[PDB]
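With one protein chain withheld, the remaining protein chains of the complex are depicted in position.
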Amino acid sequence: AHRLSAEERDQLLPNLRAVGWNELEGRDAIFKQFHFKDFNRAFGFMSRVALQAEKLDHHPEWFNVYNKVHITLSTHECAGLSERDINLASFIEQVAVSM
Amino acid sequence: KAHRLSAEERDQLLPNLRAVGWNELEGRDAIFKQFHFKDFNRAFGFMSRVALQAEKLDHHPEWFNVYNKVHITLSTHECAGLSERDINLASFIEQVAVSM
Amino acid sequence: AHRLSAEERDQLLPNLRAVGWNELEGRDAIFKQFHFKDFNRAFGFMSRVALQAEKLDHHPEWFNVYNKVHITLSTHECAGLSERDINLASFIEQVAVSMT
Partner (left out) sequence: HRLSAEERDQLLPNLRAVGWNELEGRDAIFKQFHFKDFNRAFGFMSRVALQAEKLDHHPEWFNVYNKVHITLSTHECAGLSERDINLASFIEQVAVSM
């Protein structure tokens, strides 16, 4: 795991920011809030992300209350954003649009 | 109190489901439909949403899963046959499937 | 439907406080942090609690990071602690046991 270089960030983050992801101030990580119609959808969303988290062995820092899911992503190994976060974020977006 | 569907309600509620892929099970008063997804992640996400609803309604599917495929059979044990509960759960299952 | 009285709180929170649940200070709700060996167990735990949440139509406020799950419980309908919270927390403890 290697923190994204300034060149990678300018190339990989814009598409994520365009759909709601934003970097945190005092931390090298990205965050996004998701709002579904109900819990059935929110948890179904979480279930699919959970499966991928185990496949990639990269887990989200997330909060849920009924239909809301807030997600923060960062790589512990390299203490900051890495391709893992970009990959999981992209996967998360794929799941979300179906919800 | 669950009660099996009469001939009238079957002719009014089943055609709608047949029109979307559900068939009546041969040799048993139940309906079934095979779902195919791109992968297991999708198939299990599908199962998770149906499972939540199953507990909400206290009506469970008889299903078989192998990677990206999920085969579902619906029937009501209480009345040994199809009831409005199966029609309702099938409708919900359809909603979730279409989203994927 | 209704917020717990003083008596109910004294008679219903013991088994819960004894296992780590504590009432928040700025709001009428109880909180507890759960720690599992890994995410597989942590999410398995969440999956069982999620099913019961839909069965009871009472959902938790929870934060998860790998093997840790922080849970806060309160009833929106009555703006505070109700038996729905006592019941779900009790169920949560039962599930936590099955998760190592």
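Just so it is clear, A, B and C label the chains in written order, and each chain counts residues from 1 on its own.
Note that in this section a residue touches a chain if its C-beta (ideal position, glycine included) is under 8 Å from a C-beta of that chain, and two chains touch if they have at least 3 such contacts.
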For this session: Would you list the chains present here that the left-out chain is in contact with?
Result: A, B, C
Seminar exercise, completed: Per the whole complex, from C:41, C:58 or C:84 the residue touching the absent chain is C:41
Problem set entry | Residue of A:47, A:64, A:75 or A:82 in touch with the missing chain, whole complex considered | A:47
For this session: Name, in rising order, the residues on chain B that touch the hidden chain in the full complex.
Result: 40-41, 44, 47-48, 51, 54-55, 60-67
For this session: Provide the residue numbers of chain A that touch the chain removed from this figure.
Result: 47, 50-52, 54-55, 57
For this session: Identify the residues of chain C touching the omitted chain, counting contacts across the whole complex.
Result: 39-41, 43-44, 47-48, 51-52, 55, 95, 98-100
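Assume only the chains that are shown with their structure count from here on.
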Exercise. Which integer distance in Å separates the CA centroid of chain B from that of chain C?
Worked result: 32
Exercise. For chain A and chain C, what's the span in angstrom between their mean Cα positions?
Worked result: 26
Problem set entry | Two or more partner chains touched - positions in chain B | 48, 52-53, 56
